[PDB]
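Enquirer: Single-letter residue listing:
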Amino acid sequence: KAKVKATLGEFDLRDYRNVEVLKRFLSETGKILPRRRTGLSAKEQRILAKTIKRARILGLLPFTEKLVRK
Amino acid sequence: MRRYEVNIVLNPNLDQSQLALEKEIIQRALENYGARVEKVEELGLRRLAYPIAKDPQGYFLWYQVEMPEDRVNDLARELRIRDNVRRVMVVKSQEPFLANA
Amino acid sequence: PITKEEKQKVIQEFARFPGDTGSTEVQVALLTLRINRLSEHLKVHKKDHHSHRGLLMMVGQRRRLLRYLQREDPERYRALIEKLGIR
Amino acid sequence: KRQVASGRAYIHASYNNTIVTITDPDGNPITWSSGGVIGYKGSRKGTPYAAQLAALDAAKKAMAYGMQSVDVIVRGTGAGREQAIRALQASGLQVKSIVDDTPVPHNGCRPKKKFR
RNA sequence: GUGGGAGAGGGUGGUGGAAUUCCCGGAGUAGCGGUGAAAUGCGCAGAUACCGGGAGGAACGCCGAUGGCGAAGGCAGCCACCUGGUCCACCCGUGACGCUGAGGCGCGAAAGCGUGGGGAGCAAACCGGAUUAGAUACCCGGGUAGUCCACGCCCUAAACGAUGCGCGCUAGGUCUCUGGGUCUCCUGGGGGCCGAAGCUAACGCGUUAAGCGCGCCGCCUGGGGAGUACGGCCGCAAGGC
Ligand SMILES: [Mg+2]
Ligand SMILES: [Mg+2]
Ligand SMILES: [Mg+2]
Ligand SMILES: [Mg+2]
Ligand SMILES: [Mg+2]
Ligand SMILES: [Mg+2]
Ligand SMILES: [Mg+2]
Ligand SMILES: [Mg+2]
Ligand SMILES: [Mg+2]
Ligand SMILES: [Mg+2]
Ligand SMILES: [Mg+2]
Ligand SMILES: [Mg+2]
Ligand SMILES: [Mg+2]
Ligand SMILES: [Mg+2]
Ligand SMILES: [Mg+2]
Ligand SMILES: [Mg+2]
Ligand SMILES: [Mg+2]
Ligand SMILES: [Mg+2]
Ligand SMILES: [Mg+2]
Ligand SMILES: [Mg+2]
Ligand SMILES: [Mg+2]
Ligand SMILES: [Mg+2]
Ligand SMILES: [Mg+2]
Ligand SMILES: [Mg+2]
Ligand SMILES: [Mg+2]
Ligand SMILES: [Mg+2]
Ligand SMILES: [Mg+2]
Ligand SMILES: [Mg+2]
Ligand SMILES: [Mg+2]
Ligand SMILES: [Mg+2]
Ligand SMILES: [Mg+2]
Ligand SMILES: [Mg+2]
Ligand SMILES: [Mg+2]
Ligand SMILES: [Mg+2]
Ligand SMILES: [Mg+2]
Ligand SMILES: [Mg+2]
Ligand SMILES: [Mg+2]
Ligand SMILES: [Mg+2]
Ligand SMILES: [Mg+2]
Ligand SMILES: [Mg+2]
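For the record, the sequence lines run as chains L, G, E and H.
The opening position of the first sequence corresponds to residue 1 in the working numbering, with each subsequent residue numbered one higher.
The opening position of the second sequence corresponds to residue 1 in the working numbering, with each subsequent residue numbered one higher.
The opening position of the third sequence corresponds to residue 1 in the working numbering, with each subsequent residue numbered one higher.
The opening position of the fourth sequence corresponds to residue 1 in the working numbering, with each subsequent residue numbered one higher.
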């Protein structure tokens, strides 16, 4: 599989308002992807997690979603 | 004075009589708390990720200001008073940390 | 907090000479200011105990330098204490 | 007496029972069945066979109101959670989609001693 | 000092979604629940399951880690204010101002105590149902003090690295968090793993020492009796030293 940082551009990790790029870091559910799937670094993932939670409170990113399978 | 960022999401059903009033109310609240506004960005109608106040959308505002720090929490209290105002999040400004640079 | 504007104002006021940033009078002045920033922060917020530890370490450091000034030149010790209103 | 012909089907599967409800697209139920509605009484309700018969009983009850298209919602892990779904696709009801909506808390309530 | 840095460090206010419970309504029949099987329990006054709306309290899923912070206890939603510690680069300033530390003073998970609130979930005692030779228990259904908040006590612990603190010295390899750098790497400060010399009774430790040294404090001298008795100090008590 590919990783998120691998297929992406030069983006702002601290911008909670850019949903289009932050949607890439969420799974099928609203969960935050692990480092193995995002290809981020230690400091990067910690900053991403906080900026994702901000977008959630602004109604921009989902807290949780519904899985369509099984 | 430090530099902050204000996020306001209000009811996306207002006409221009109510939208101008709610926003000029927001201007009046910034004046009384001494917020020198640096720039503004208005997104407006945006699809929300979950229902907020039974409403699937939200009208988005964003202000970047420079104000005294002690008065921030009272400025947040003054904005949530309005019924049409739904989300008020104020964040201290930060540097645009780049990744995959 | 304590901005560098207020910082330079104290160093230049208690410097033994231009360019002095580390005199015993300068350290005690700087220590004393952060003492008062905390002792007023601890009038309210009486339940902040982890900040209370930092205060006890600054008082010890302030008294450690004053006990030193006492032994070498007791005059500048009195000139300092009278200028800061201590003890 | 309703003539819905399309609606949702919720599967609540626990280790002690598997129960099926068939509703209309708005959520209001039409009929329903469970492991106890069919003859099974005790631990036999949380078995995949009971899960299969319960799913098929509600399906034929929904045939009375005229159901053809069905959307499936599943909640809970348990024996026969999958056997109920498999019973629903072959029930004649053309299954539209299948969604897992099992409620997971964000660590909000203290569980019973059993779950710790 | 200057300039940078990371962080569930702390305190205050504010705030967000999921979930549980309960209330309201819509819809809907005959059971749900629970166990190795069951029964008490709940259900025709209409439950469980489903949709919508509302109230309340508590805890923060994913991120999350073999991770980070703190002196220890311990600290996870998010935002802001107040705030502590710490680390690096520059080689600027003072010029031995240092280390430890009997007393004292302050902190101190949980449980418990006082006053006043709060009370959703859980749950000592207790009320039941089972199991059993018996059940004063594990399992099941209920359930009060309590868990939460404010203010004041209590001072215990496997309070654990069962390893006091500070410093110097003594091969490296590898994983990592975070800084700086001439950025295959070098160089610091933490957190892991192998292992030189050496130590250890052995297991094992081994630049985070249990090695080689030095300074200072604490403490040990057979088991049961016994952390008991007496006395004292402290405590409202339980009880602690
Ligand atoms: Mg409002
Ligand atoms: Mg059963
Ligand atoms: Mg904090
Ligand atoms: Mg806090
Ligand atoms: Mg009802
Ligand atoms: Mg009865
Ligand atoms: Mg009855
Ligand atoms: Mg009755
Ligand atoms: Mg209530
Ligand atoms: Mg975890
Ligand atoms: Mg540490
Ligand atoms: Mg611990
Ligand atoms: Mg700080
Ligand atoms: Mg020099
Ligand atoms: Mg010099
Ligand atoms: Mg000189
Ligand atoms: Mg010391
Ligand atoms: Mg002592
Ligand atoms: Mg205590
Ligand atoms: Mg307690
Ligand atoms: Mg009490
Ligand atoms: Mg209970
Ligand atoms: Mg019980
Ligand atoms: Mg027996
Ligand atoms: Mg009996
Ligand atoms: Mg021992
Ligand atoms: Mg020793
Ligand atoms: Mg670098
Ligand atoms: Mg190291
Ligand atoms: Mg050897
Ligand atoms: Mg030994
Ligand atoms: Mg080893
Ligand atoms: Mg050593
Ligand atoms: Mg002793
Ligand atoms: Mg003896
Ligand atoms: Mg004892
Ligand atoms: Mg005696
Ligand atoms: Mg006594
Ligand atoms: Mg007494
Ligand atoms: Mg005792």
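Among the hints, a few may not be true.
Claimed, not checked - Calculated from the model, a selection of chain L residues having no Cβ within reach of chain H, i.e. all distances over 12 angstroms:
#: 1; residue: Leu33
#: 2; residue: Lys43
#: 3; residue: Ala49
#: 4; residue: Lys66
#: 5; residue: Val68
#: 6; residue: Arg69
#: 7; residue: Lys70
What the hints assert, rightly or not - Straight-line distance between alpha carbons at most 20 angstroms, and here's what the computed EDC-like set of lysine to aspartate or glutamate pairs gives:
#: 8; chain 1: E; residue 1: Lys7; chain 2: E; residue 2: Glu40
#: 9; chain 1: E; residue 1: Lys43; chain 2: G; residue 2: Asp70
#: 10; chain 1: E; residue 1: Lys4; chain 2: G; residue 2: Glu41
Honestly, the hints are just simulated from the structure, not real lab data.
The beta-carbon is built from N, C-alpha and C at its ideal position, and this holds for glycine as well.
Enquirer: Which earlier hints can't be squared with this structure?
Expert: Violated hints (numbers, rising): 4, 5, 6, 7, 10; every other hint is consistent with the structure.
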